[PDB]
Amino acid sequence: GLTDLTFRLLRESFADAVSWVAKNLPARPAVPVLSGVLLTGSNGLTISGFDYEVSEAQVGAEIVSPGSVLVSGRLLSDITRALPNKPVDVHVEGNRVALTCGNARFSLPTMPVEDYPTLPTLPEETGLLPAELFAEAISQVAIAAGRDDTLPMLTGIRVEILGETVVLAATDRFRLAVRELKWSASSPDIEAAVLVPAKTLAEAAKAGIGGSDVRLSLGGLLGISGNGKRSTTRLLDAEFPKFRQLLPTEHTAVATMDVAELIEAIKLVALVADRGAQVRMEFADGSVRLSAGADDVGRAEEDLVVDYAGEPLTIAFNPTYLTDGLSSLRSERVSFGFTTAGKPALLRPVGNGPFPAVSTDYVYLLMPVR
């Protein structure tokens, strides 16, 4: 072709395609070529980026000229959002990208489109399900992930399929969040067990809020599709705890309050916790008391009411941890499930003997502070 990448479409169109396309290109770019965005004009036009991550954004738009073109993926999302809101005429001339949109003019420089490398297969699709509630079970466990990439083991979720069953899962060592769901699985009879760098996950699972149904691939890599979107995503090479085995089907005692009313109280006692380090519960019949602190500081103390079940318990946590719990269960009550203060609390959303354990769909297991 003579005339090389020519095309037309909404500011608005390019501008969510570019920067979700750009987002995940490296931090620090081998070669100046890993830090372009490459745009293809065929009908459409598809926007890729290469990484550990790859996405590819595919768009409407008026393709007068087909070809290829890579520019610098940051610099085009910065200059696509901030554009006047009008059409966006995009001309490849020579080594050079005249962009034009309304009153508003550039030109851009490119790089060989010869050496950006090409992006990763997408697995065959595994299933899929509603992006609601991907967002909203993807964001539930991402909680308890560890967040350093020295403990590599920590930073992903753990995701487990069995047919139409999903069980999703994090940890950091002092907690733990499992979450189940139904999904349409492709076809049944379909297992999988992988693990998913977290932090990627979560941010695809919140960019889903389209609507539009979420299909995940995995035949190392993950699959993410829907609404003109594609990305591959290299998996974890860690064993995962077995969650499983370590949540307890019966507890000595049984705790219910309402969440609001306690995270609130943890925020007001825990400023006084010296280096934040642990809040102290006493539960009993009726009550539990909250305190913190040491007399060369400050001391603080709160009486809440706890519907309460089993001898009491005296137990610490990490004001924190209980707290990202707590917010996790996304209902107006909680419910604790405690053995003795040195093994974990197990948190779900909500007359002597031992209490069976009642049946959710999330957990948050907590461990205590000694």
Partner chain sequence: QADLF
Second form
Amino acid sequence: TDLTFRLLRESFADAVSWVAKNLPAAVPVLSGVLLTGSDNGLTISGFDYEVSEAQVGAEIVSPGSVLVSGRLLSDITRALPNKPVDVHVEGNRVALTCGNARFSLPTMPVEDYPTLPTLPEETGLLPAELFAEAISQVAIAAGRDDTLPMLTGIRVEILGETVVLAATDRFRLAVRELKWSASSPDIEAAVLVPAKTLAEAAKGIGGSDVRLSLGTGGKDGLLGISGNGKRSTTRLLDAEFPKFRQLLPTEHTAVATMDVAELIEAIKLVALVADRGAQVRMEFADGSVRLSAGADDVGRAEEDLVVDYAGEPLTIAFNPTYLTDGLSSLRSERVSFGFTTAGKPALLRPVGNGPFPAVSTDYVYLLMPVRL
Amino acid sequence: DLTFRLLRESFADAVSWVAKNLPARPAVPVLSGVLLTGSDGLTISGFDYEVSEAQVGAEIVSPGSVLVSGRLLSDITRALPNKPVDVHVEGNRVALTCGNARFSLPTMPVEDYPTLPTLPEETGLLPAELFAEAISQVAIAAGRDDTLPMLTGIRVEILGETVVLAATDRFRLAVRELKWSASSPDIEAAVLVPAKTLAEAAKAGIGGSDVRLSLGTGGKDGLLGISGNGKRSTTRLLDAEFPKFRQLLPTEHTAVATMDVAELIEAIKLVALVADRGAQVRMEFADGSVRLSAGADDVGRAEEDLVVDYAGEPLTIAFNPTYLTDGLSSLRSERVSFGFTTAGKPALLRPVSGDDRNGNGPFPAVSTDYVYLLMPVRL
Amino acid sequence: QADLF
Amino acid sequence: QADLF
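Got the form deposited without its partner chain; could you also share the form deposited with its partner chain bound?
Then the entire complex follows, led off by the chain already shown.
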């Protein structure tokens, strides 16, 4: 008698869903998900270029392993009523019984399934909320086009107790610094993690804590992510990330503080007449900014906004989607705008006469401007 | 030239109701535009193959007309803050000022705008909720392919105070009977209204309180009006022939089954996950229970048994899962009554509210306001 | 799928 | 749109 177990629907469907998120639409076995009963519980595993493993509680009548369709299983478990789920492997098929429902799923040979990679030594751990918020912050600025793979990752730099996360699409740079518990100290390394997979692992708020695995004194070629009984590993990118510490300005010629939500909605309103959503123009004066977009053939939009402004007036244009992306990623009520010139990038940070210094904040969104 | 001022809510509501009946396309310079008219209130007009007019109150500083992009105007008005909106026509451009916002929109030639048809005399009026419920009920079964225009409409039959709505795609027939307030005789007429336009006008903000249909009196040609809350839309009637649907309804059923709608819908959704290209779901009716099955051994097999109140000989019948769930959802009742003759003949779905009741021999078809008749699939 | 008419 | 690098 092969694997037989019984467990609740919610845990089963959530685990199978979390593992199935990383399964792309190369081999039939690659499209399958692995169920393994053990005395500890039930394990759901999947592997492509990134692995996902979920350990949940279950009543194991008989132990064993089986291989079933990942997408199909996630659909079934998602669409099942909330009842104890009884899974029993019969020969080459799986009998899944939940309430009044009974499913017969065909199986694939378990021997033909690859062995999952072992997670490296634990480098450190940080709260799950901080991880999800930070990765969601920096991931928005990474490149989404695989044509430039150097931009498609998130740069993870670890110096001792301090961790820095950076990503850039060449048009915007998002950097987030945070503190974590590192074991052991004096670890200094930097790697490039693919942005999409890290963003999926973050979007991982348990609660409790998330553990990242590199290996302490040299870094492996893989990154582990662990917590809430869930383990995922991604292969690191071998490309080179540009130096982002030089691109950040030390001091600004003009600084402007505004309200994030008001500015975001204003950009949404003014950008409706923009040509192919090209750009939104900002005219900064004392106490007020003027948002403008579009041309005379489609339409012209104009809005004046209250600003706390310092320095000489300047006119600068941005991509409306990039600017709203930064403002949204700030996750604060007010925004601090650094400005040097209209061709130089602008510094966005969450919130007399001469130039003003850049305040030190954990998150920073650096956005390049557009021509006029 | 045209200058007016009105609140954002009323302006956006009128422009929204008119824009909900406008399909699309950019240029198309005249047909993609919307017409704003100051008179003495404000009129917002649009036309595609159906017209939409919304009259709202406004302060008209100077009267006139202007033509602007419909999609652009609906986007602006939807995204504006809630403030008095000031529209002033300057030359060939329109100046829209709401609060801190200022828009300069180019204009399209007003001389090229068509004259909208006048709605016919009022045939009758019915509550807006009943109109939306009925049109949403029968519209789901209408044909979506213009190649057979006889199936793309909704048959509207009016006998006095009673109105019947029917539509069929050849695979399912939805008929809804209702009572309304008629202002005619003895109003006897039958028309075929394009389903898409009637469904759009129903799903929109037409009311208000009651919806008024314009034909208007004693049949009629060539258009059907829909009026309320200062909003008027007219559709050109289809000249095609609707099949006789009163003959297609079976008089008596060999087997009848009453079930729970939600339970059955969730069961169909669950078993249909293994169906081949979502082809069909099999229903095996036995005493006290039905068995839903789908899929093959190559993909997977799904099976679920549901509690049924059943009468007659056991029979196995298959349906399209999307059509069956469409009917069950359109019933808008807690329980469903299934008529069955054979497995090749259609099944009758009728609403059952929460509580209700020959043996071997046949059972008659009960008279209900709504009925969903669905054809089966080969086993 | 059978037809009504 | 200018480039950072």
